[PDB]
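The lines below spell out each chain.
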Amino acid sequence: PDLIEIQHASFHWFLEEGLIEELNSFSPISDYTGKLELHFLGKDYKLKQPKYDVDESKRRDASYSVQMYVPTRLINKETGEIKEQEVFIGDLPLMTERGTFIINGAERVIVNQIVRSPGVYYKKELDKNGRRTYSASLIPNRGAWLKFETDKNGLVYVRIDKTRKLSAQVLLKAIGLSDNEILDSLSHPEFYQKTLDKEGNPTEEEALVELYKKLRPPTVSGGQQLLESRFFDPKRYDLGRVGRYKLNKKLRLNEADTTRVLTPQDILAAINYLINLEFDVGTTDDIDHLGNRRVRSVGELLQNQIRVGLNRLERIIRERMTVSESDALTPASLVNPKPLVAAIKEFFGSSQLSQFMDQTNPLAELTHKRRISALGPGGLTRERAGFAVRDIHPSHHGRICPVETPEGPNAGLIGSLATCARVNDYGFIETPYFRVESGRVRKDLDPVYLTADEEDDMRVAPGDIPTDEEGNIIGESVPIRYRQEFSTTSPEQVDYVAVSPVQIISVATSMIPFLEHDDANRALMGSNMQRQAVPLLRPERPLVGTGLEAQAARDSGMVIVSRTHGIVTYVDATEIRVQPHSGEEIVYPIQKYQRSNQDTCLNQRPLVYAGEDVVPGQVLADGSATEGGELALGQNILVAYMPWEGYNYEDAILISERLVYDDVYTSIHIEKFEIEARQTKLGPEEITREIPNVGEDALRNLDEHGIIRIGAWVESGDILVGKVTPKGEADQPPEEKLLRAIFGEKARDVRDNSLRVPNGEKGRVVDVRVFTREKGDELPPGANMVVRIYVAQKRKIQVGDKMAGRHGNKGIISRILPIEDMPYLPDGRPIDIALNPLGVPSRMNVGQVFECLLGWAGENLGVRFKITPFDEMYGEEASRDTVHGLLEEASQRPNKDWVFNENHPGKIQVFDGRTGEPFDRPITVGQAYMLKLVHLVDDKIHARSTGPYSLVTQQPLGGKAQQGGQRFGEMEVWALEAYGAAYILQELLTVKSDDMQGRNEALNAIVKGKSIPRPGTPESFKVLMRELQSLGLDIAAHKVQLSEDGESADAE
Amino acid sequence: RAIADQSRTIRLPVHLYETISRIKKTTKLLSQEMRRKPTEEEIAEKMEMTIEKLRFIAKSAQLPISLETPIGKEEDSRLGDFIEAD
Amino acid sequence: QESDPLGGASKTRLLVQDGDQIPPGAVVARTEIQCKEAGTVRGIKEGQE
Amino acid sequence: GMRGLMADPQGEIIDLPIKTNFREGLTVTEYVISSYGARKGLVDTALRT
Amino acid sequence: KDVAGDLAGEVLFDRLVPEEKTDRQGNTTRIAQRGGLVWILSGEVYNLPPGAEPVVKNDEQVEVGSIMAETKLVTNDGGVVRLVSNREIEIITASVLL
RNA sequence: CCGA
Ligand SMILES: Nc1ccn([C@@H]2O[C@H](COP(=O)(O)OP(=O)(O)OP(=O)(O)O)[C@@H](O)[C@H]2O)c(=O)n1
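The listed protein sequences derive, respectively, from chains A, B, C, D and E.
Take the first sequence: its letters are residues 10 to 225, 229 to 594, 602 to 1071, numbered as in the deposited numbering.
Going by the deposited numbering, the final residue of the second sequence carries number 340, and the count climbs one at a time with no gaps.
Going by the deposited numbering, the final residue of the third sequence carries number 876, and the count climbs one at a time with no gaps.
Going by the deposited numbering, the final residue of the fourth sequence carries number 190, and the count climbs one at a time with no gaps.
Going by the deposited numbering, the final residue of the fifth sequence carries number 533, and the count climbs one at a time with no gaps.
Mixed in with the good hints there might be a few duds.
Said to hold, decoys possible - Have a look at the derived ranges for each label pair, beta carbon to beta carbon:
1) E989(A) x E338(B): 24 to 32 Å
2) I305(B) x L970(A): 29 to 37 Å
3) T791(A) x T186(D): 52 to 60 Å
Simulated from the structure, these hints should not be mistaken for laboratory data.
Backbone N, C-alpha and C fix where the C-beta goes; we use that ideal spot for every residue, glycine too.
Start from the sequences and build out the full structure, keeping to the hints where you can.
In structure tokens, the structure reads:
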């Protein structure tokens, strides 16, 4: 199956059936006079074609949206006037083929939200020790919550969402039920009649007057309309399909699923269950169980936002119909589309669920679409997130990965969907299982997909139990899980078994080989670092993989997949043409050097040649972090687990120069720069070539309009777009006036405002697209023209870059050595990288040594192994025996017998490159799959002398983008106070921040080489003094001198 | 009159509000007439005003934004943290 | 149609028919509850209606 | 050797032993049991500082 | 912590003495003065609804498939039953069509 | 959202 099937199925359900329910609950509207009626024909709603496609919407900073037209019909109640007209109703952004959205020139995903399911839930809270008291809670899809109570005396108390407690008999008689059917419906009437006396028994009219006395001139018709509007009216209370389903399931009713409102029979059944729970029958519910939690994808959230916008729109239409006394209107005059457009734009722009997309590599892109978050509107608050909501539940087994989770403050809140997991039609997560009959795993048909129906009922075994082929389960003890407990039973009592040993983990965790030999924190770190690798120039498949790489590359969307049988007729670097045979030429476009969200490359290369047969499903072109149709995030390099001369000391990394000159770990990064020629009150800003105070050869790369050309090399400080603005104050000091009196020096009316390259960021200009309003474009308001410049650069590996493997072994490169200085093998081949062996047994990631030894056996054989995790089901020490047997078979080659030594298996002799002497002990060598991460040193280095300052506090700004200063926080002040260092602390707080005269005096004294003077009162203290005075406090500073008190003026 | 006199920090006069409403009605009528390619030249024609005056009205019709609004979906950032003192 | 296993299995049966002359104040129908195994009854407590 | 017993994120003690080490390799059940203690370490690092 | 043994039957007390307590809200609580043993004599237990009543007395052997309980379905003022196309237990329903 |  597909891995983004939840996003695809939810948007297809919205486009097919979800919007029709909103347009059918919309119609019909009427006026207060009862003379006009407008109803929307929702089934024949139309979608216009988009104005721009994906890439032209990405480069124009627009959305990939369609226009949505709902045809209306105005019927008339005075005469037979039928006015039918297509009405534009709003703009809906369309989901792309990768399952993403394009909102304002950026790719975005709508993550899946996990919430409490609608239905009735019971719990048992208690006193100091006190009485076992039971409480109910009826949760709808949308509307007020009905709760129930029992105290120590046993009073059945019902309350509405925020109100106080009143009696269930008062609620039941407020509905209109007879007192006959109330106690005739109950099983134990003696418990309920105990509450009947202390609370009293009201009449049907007497009950309606005392809810209005508690919910809010006490009246019974007003309270009747009130309760009819709370629970029993449509468009103010929706129980939902899942709510009706779960409420029929818990209370054992066969009520029709079309009814979405609450009925008094349901309240009678809930009262019956709550009363029966006090006599020890029935089961209390769990709030963290995955049977009580459902997943809300992009269909439901769009449906709710469209419901809110349609409520606003019909309020506007009803007001416009009630105000207008003149009839005979058009249907396009009564419909105002702006609240619906505003609601859709608000949902896709400023939601917790609408997230800026992780587009670093295909694995991060695939993992972001399968995230399961518990936060958001209608979900959770991070302050209200305790330990129990972050714990791992036994119902998460197979459905939510226990490993992949954030490490920051939102740990345990944002989860990941597992590999074989699937969300059903009601929103619950289900997992496939093979049937087991008479101790034999069946494996004859499709699996069952149990939706957490396996706790109280079935005995489920994991998919790593030993089993002879086409036969029973061997062994007399099988590990099972049953009633949320782990146990062991006989194989003839096992009901179900898992379908895969990697059913418990997600995709990025299933990318890790020898996972069962590593710690779980290191597996989490390996998954997180696998989502942070940059796509390299020449990607290469791993010598040791697991087997999910091809499916991950197919379902990421970076791979051109064929659709029909055919013969490829034409291949170049931009186009693959194929005629199909089984409108006779399919043209597959190949993207070349596009920019991702994280400023990385999205490049595709052809794989097929001209004139060969193509099967449907054959990979025609592979993406940036993909080669051979499979995922390829890093390279295979030669490791040696040994310490160098302190250069791999504390997780540092020593590499060779071969990884520099062989273009290993070279990546492409494309930066984007944008400038707007705005409209100012003093005059229009113009983009020109004539810039003041700019020399002769600083304009060679600019064109006739003042803009750079494609293919020019730019470095830090080079002009990209020359721009000027008409300054008009002209307040010159006497120094400038005298200097322009002497040397001519006519001061111009414009000033320099050009777009320049920041510090660093050298590269080649590749795209200089310019947008002008009179060319056909339309801009942000107040801007004449907009220039967008794309600058690409090839980044080699560097000292200070981050490097990692698949087992949570990160590190920083600290030295690049020549290959005549690197250690070498007894065939003369030097080592690519030395890793410190002390980082293995303390971090407890042993699987990297298994991976490097198996990769080195596969290097000496040439076979490219593939090993699924949890391979100890096939025997004891299976990974060790596999690795050493393959190393022996690689050493049985006629020229390569130095590869394996039987005296010390994983180790061989290594010689020193500087002296020629062998090392005293044999060293583990291998072929590891190392990755290059986005954390490069060029994005980390920053320095400030003096830049901008803040508005009120007048302290330096923060951030790399605005040349900000480092924050000297309170702990640093404590560290300087624990020393002596009163003068360091005083100059850090005054002449380096928010004392402007001290700033100027210190800079002048350093430039002229003199002593820095004594500072004054800092600026933020005076701000605090004025704020405390504006609060109404007479706070002042005083000075005593020779028997005299006087108030000092700090503002001076 | 209280809406047009209060409820805005940089307040606009009443004739500006009536001009904004007239411009809204004129753009919706000329969009009902010409279904595609909206034209500010004909918007300024049907209102008999200058196009830069129309841009001035659309610029003055904007609402201010507070300096205490968070930038991301968290409480770590603020709009006043990016504004340089002049 | 859905029964409890620990409680027992019931008979759906009506002792009266369509168009039957039943006197008022009498029984309409009854069910049994099935016994899966055999044996002697222990149990019944004092004072229980 | 053996890993023994893990701990809940609240400090509660689990019921099952882990009779394998990292050289022999854990099973799926033992990996879920170890994931309990990994979630303990991560949540406590994120929340008690 | 609660002791939850998984076996149904009749509870027998060996060397066990109860202690009834009174509390602030009215709690009926049983305490052991000295800790002893609790025995359960095994047997399959059938939960009957509270509207039912058993027929077999406190000591009588049951045969295979015999009757264990029958309740009284008693509603009044009804003489003749008439049903058309449903189960739908109903009343005489003397309705007219003019 | 991520990094330490
Ligand atoms: N929420 C956090 C996380 C980390 N840190 C700091 O970052 C360091 C994290 O070290 P790191 O290199 O990430 O992990 P190690 O402890 O070195 O473990 P390992 O070598 O397995 O990565 C900690 O010492 C701590 O001082 C912190 O202050 N607050």
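We went through each hint and held it up to the structure:
With their beta carbons about 25 Å apart, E989(A) and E338(B) fall inside the hinted range of 24 to 32 Å. Between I305(B) and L970(A) the beta carbon distance is about 35 Å. The supplied range of 29 to 37 Å therefore holds. In this structure, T791(A) and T186(D) meet the distance hint of 52 to 60 Å, their C-beta atoms being roughly 54 Å apart.
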